[PDB]
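J.: Knowing the structure of chain A, use the given hints to seat chains B, B' and A' with the ligands on it.
Protein chains: 4
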Amino acid sequence: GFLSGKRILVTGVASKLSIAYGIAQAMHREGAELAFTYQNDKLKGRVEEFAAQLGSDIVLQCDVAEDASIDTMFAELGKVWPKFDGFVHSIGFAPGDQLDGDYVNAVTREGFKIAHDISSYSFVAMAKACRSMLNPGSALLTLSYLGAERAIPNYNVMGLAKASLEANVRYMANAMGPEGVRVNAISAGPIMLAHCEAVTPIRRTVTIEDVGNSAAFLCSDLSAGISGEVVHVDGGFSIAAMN
Amino acid sequence: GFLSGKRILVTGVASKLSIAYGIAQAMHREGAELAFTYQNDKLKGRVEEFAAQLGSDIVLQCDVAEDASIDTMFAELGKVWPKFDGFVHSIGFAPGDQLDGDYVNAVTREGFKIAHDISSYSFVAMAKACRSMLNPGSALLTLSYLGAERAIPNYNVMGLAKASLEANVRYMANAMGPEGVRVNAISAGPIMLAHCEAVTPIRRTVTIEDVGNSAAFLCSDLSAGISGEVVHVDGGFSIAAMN
Amino acid sequence: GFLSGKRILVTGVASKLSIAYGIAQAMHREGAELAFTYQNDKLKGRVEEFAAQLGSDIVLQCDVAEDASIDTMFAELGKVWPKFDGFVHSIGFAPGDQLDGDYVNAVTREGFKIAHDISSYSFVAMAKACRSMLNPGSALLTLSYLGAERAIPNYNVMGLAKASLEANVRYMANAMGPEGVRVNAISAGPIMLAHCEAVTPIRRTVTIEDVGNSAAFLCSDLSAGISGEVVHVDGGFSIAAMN
Amino acid sequence: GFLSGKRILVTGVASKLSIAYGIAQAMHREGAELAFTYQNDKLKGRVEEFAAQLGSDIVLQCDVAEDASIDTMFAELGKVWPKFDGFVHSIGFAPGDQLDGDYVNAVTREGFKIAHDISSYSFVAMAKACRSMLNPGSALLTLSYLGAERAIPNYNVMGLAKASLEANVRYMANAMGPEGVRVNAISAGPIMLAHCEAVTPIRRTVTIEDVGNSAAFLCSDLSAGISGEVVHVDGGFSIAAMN
Ligand SMILES: NC(=O)c1ccc[n+]([C@@H]2O[C@H](COP(=O)([O-])OP(=O)(O)OC[C@H]3O[C@@H](n4cnc5c(N)ncnc54)[C@H](O)[C@@H]3O)[C@@H](O)[C@H]2O)c1
Ligand SMILES: NC(=O)c1ccc[n+]([C@@H]2O[C@H](COP(=O)([O-])OP(=O)(O)OC[C@H]3O[C@@H](n4cnc5c(N)ncnc54)[C@H](O)[C@@H]3O)[C@@H](O)[C@H]2O)c1
Ligand SMILES: NC(=O)c1ccc[n+]([C@@H]2O[C@H](COP(=O)([O-])OP(=O)(O)OC[C@H]3O[C@@H](n4cnc5c(N)ncnc54)[C@H](O)[C@@H]3O)[C@@H](O)[C@H]2O)c1
Ligand SMILES: NC(=O)c1ccc[n+]([C@@H]2O[C@H](COP(=O)([O-])OP(=O)(O)OC[C@H]3O[C@@H](n4cnc5c(N)ncnc54)[C@H](O)[C@@H]3O)[C@@H](O)[C@H]2O)c1
Ligand SMILES: CC(=O)N(C)Cc1cc(C(=O)N(C)Cc2cc3ccccc3n2C)ccc1N
Ligand SMILES: CC(=O)N(C)Cc1cc(C(=O)N(C)Cc2cc3ccccc3n2C)ccc1N
Ligand SMILES: CC(=O)N(C)Cc1cc(C(=O)N(C)Cc2cc3ccccc3n2C)ccc1N
Ligand SMILES: CC(=O)N(C)Cc1cc(C(=O)N(C)Cc2cc3ccccc3n2C)ccc1N
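For the protein sequence lines, the chains are A, B, B' and A', in the order given. A prime marks a further copy of an entry chain. Those letters in the first sequence? Residues 2 to 192, 206 to 257, per the authors' numbering, in order. Those letters in the second sequence? Residues 2 to 192, 206 to 257, per the authors' numbering, in order. Those letters in the third sequence? Residues 2 to 192, 206 to 257, per the authors' numbering, in order. Those letters in the fourth sequence? Residues 2 to 192, 206 to 257, per the authors' numbering, in order.
None of these hints come from the bench; they were simulated from the model. Just to be clear, a hint being listed does not mean it is correct.
Below, computed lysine-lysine pairings styled on DSSO-like, alpha-carbon distance capped at 30 Å [what the hints assert, rightly or not]:
1) B:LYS84 x B:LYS17
2) A:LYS80 x A:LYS45
3) B':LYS84 x B':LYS17
4) A':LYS114 x A':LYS45
5) B:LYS43 x B:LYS80
6) B':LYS45 x B':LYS17
7) A:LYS129 x A:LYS80
8) A':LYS45 x A':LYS129
9) A:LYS43 x B:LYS114
10) A:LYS129 x A:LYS43
11) A:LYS114 x B:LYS114
12) A:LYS129 x B:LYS114
13) A:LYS45 x A:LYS114
14) B:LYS114 x B:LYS43
15) B:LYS17 x B:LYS43
16) B:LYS43 x A:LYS114
17) A:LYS43 x A:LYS80
18) A':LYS114 x B':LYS43
19) A:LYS84 x A:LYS129
20) A':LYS43 x B':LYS114
21) B':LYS114 x A':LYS129
22) B':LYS114 x A':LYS114
The following block holds chain A by itself, in its conformation from the complex:
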């Protein structure tokens, strides 16, 4: 497969419907060796089942709000993977009240803080901690959403976190690039669904399978000439207007 011999860490697998599940699925098909992290114990047994299926034994706990937690997970990972080739950032979050209604009235200092810390910072937080472990030719991937670029109703402060994150992807790529590391993002279509379906050129919303293959590609040597790019896997929805 095109990921044959790559050891990739996969974050964010919460369920079978998770974009991370669709992404691991594809990296696996393409011969990548996977490892997974889980936020808390609620999800341990589940993530362990998913990993077993995708052939890995590496299921490490990791809460991205704690620097120390991230450090710890990279120590355990290190016991089996002294060197690896990148990870998949598929973490995002904001307190619920934040995401409904008028942005200006919904947003709060604490809400803004959490949204940027979990959704934007965690990406560089992890990069920072596994930087010396990464093999040349490694690639880091994160997921963004059109809300970073356009004002979308209800997405509110999650839109700023994603803008921050897309900038993160350009600064990380410029910093890590020289040492053989590429970093990009995939702005996925919504996985309202009806409207998108009708107004999207391909006339259908993407699936974690569509996003999965783009993720696999981007993390593989096939995309070697690509770094710092936010690739839209939304079926073209953002390029059309007034359809």
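T.: Below, chains B, B' and A' with the ligands without anything else, positioned relative to chain A:
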């Protein structure tokens, strides 16, 4: 002038070199009535002197790091300007260690938090705090930089905060528009300089005059059709390549 | 006014509904001295009447499809304005059959040629023809539309010509900048309308007044730091999504 | 391979160094069945040798300036490929005088015409002619360059043609999307080379091999969720500033 009839609040004056000082002058020259803010004891005496030269005596303190400092300042403002036409938000901050060297090695969870808190959240926190006081036809303005769109060396976490900020401009613009408020941004060229003067289409870096003139317009009714935009006042530096 | 001292050439007036008519008025209100152009016999009498109301009597013919029509018009201009401060290029054209239906089935090799020739090449062809006559501090302005950046139904080949046009603005801006000329563009909202009024942040389509006010500024020294930019005067319609 | 069973037409193979050569190379490796076109007789024997190597027998003549020529080639192609799955547009052109020196002085009406017709129009010209032959799941690919988005010295009018072409890619995708056709572009880094090498994050220019794999991916079902996107395969050069 084209701002006569406008009561506008100007933040961020720290010196005669400050951008808001150039904005203040221009808004004053065009007929505006201004209110000023100073961050602390250190800057108070300096802001009061300029407000006097500009005919204003509305000089209030405001630490955007405190929601209470914000509410209280707008409460003192209501006592003199029950309603006004918008404010210029020319505040930005990142801890010393942040803007130096390899982005990834420099950035820290807290340097990140502070940079976003002060440079980005402070914008919406202020509109949040004064929404009711705004008149239809009101325009809010912020200041950003190219590092939001591109990875500029050493700008590091500030670039990410400028991205969150430009995203904030869109979401705020979209939410407030219905009540008669427009929200824009000026991505000003750096007021490196020699490289910019050599490669900028107009062949010179921009001045606080250039920036002030544009801010004055973005806050006047002359720009009634412009909302949610990030206007580049950098002499065309960003639209050139390998000059 | 902010344009007093400016001698500016205005093209594209065909009626009181025309965009250049709104631009002309505003540039006149601000102190500008204007020269006008009409495309043909049909429009002559109409342009001459407005020029009279605006205090001008410099009404010259110009078919941008002919390099000779251009040279000759600028030759008659030199006889009254040996030098001037820029011109507004508000010309655009695509053969009937083009802007109707499936883009791919509509577009023809010649509809393409004409659309690009008149809507895009005519911009640089005019600056080419009057370069020597320009004063430092001179600003050139064109009009574009969102269909350049996004695929709008029925806009078809015109979208492609607007893209070539916006690209023309950058290249012209970069080449001419050193001599004191700035070159910008206004991407105006459509002067469909009901959909736009409902989804536009300011909740109303923009007027030729809104557009004129912005053009007047983009052609004044107040915008000295803005060159090679495409300013969106569409009430923020383009920065919103799924409103 | 991921192109197993795809029949793709490849335009623009002029030499071993041609981006089209690097692209066919990769589609071949991935199991695609190729067919090639050649501009004129000068290149027939050569293109026939390249094709033989990549396992095809289909070497059709095609001059994109002639509608009739394009039609003819699709008739011959049709004899062997009644249905196929897309083509690779790797054609670009402008008269030489156009590409050196000051844009404004270099550009001409005829030069502009040719550059847009050959570089931009030909893409839709071909699409138009094979539209009923294309199989659902087909994909069309073209090559663009950063000159479309930034003002690059000497690229002059080629920059406008590419802007036109990038818009073409969005209008074609929106029109053909509903019938199961995706259309995208790859903005390739320069294949000055020294400067790019030093300022590009990956610290090296891309190769036709890097561009080749991205082309293969984009034309394969792996990229199914992608249409109307211009993907930058430039090693991140355009995302960084002032390195
Ligand atoms: N659903 C979509 O349409 C869509 C589209 C584009 C982008 N995105 C982004 O893709 C990413 C994946 O989203 P998803 O749709 O799979 O949703 P999800 O809820 O399945 O995954 C988000 C992940 O974030 C994790 N998480 C939250 N806080 C964490 C923390 N403190 N530490 C570690 N993990 C934490 C959760 O465990 C979860 O695994 C998200 O960031 C999302 O915004 C989603
Ligand atoms: N001058 C430039 O080159 C340039 C270029 C592009 C963008 N900018 C932006 O312009 C804005 C001002 O820059 P400048 O050069 O005029 O700055 P300056 O250093 O003269 O002023 C910065 C202001 O920010 C304020 N500030 C910081 N923390 C604050 C807080 N806690 N509470 C209230 N105020 C706070 C200070 O009081 C200060 O007056 C910033 O957002 C900056 O990022 C400046
Ligand atoms: N009104 C809108 O909704 C709108 C919105 C966005 C962009 N635009 C752009 O604004 C510009 C004018 O549009 P409008 O609605 O004011 O137009 P209008 O129809 O009132 O005027 C168009 C002008 O183009 C001129 N023209 C065409 N071919 C020409 C040629 N051969 N020589 C000289 N002149 C030529 C005509 O003389 C005419 O005056 C165009 O570029 C258009 O694409 C208009
Ligand atoms: N060289 C680069 O760095 C680079 C980077 C990005 C994009 N591009 C674009 O990639 C495409 C491929 O370029 P290349 O570098 O392989 O150069 P090339 O000269 O090898 O290929 C361009 C092709 O255009 C063809 N052509 C010209 N006129 C034609 C016509 N009338 N009909 C049919 N074919 C015609 C030539 O036969 C040639 O095969 C070009 O459009 C180029 O602008 C090049
Ligand atoms: C609690 C939590 O972990 N959060 C919030 C993270 C999170 C964010 C998204 C998202 O980024 N999306 C584009 C979907 C989405 C969420 C949403 C909320 C309001 C409006 C639109 C919305 N869209 C499209 C998707 C899944 C997800 N788990
Ligand atoms: C400590 C602090 O209060 N900060 C950071 C706020 C602040 C930021 C800027 C800025 O946003 N600019 C583009 C200049 C600038 C800063 C900078 C840092 C590193 C590299 C380039 C840089 N440029 C152009 C300018 C003035 C200023 N007071
Ligand atoms: C024949 C001709 O002289 N043409 C085309 C020039 C021309 C173009 C526009 C335009 O560029 N606009 C965005 C409106 C517009 C035209 C259009 C066509 C189809 C769909 C939407 C459309 N919109 C918004 C407006 C006026 C006008 N005179
Ligand atoms: C005659 C002909 O067939 N033409 C012009 C098409 C053509 C264009 C390009 C190109 O689009 N490039 C980015 C390279 C390139 C050409 C060029 C010219 C001037 C400046 C930079 C330049 N770059 C980067 C490359 C190859 C090529 N054959």
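J.: Hints numbered earlier in the text: which of these fail when held up against the supplied structure?
T.: Going through the list in order, the structure violates no hint and respects every one.
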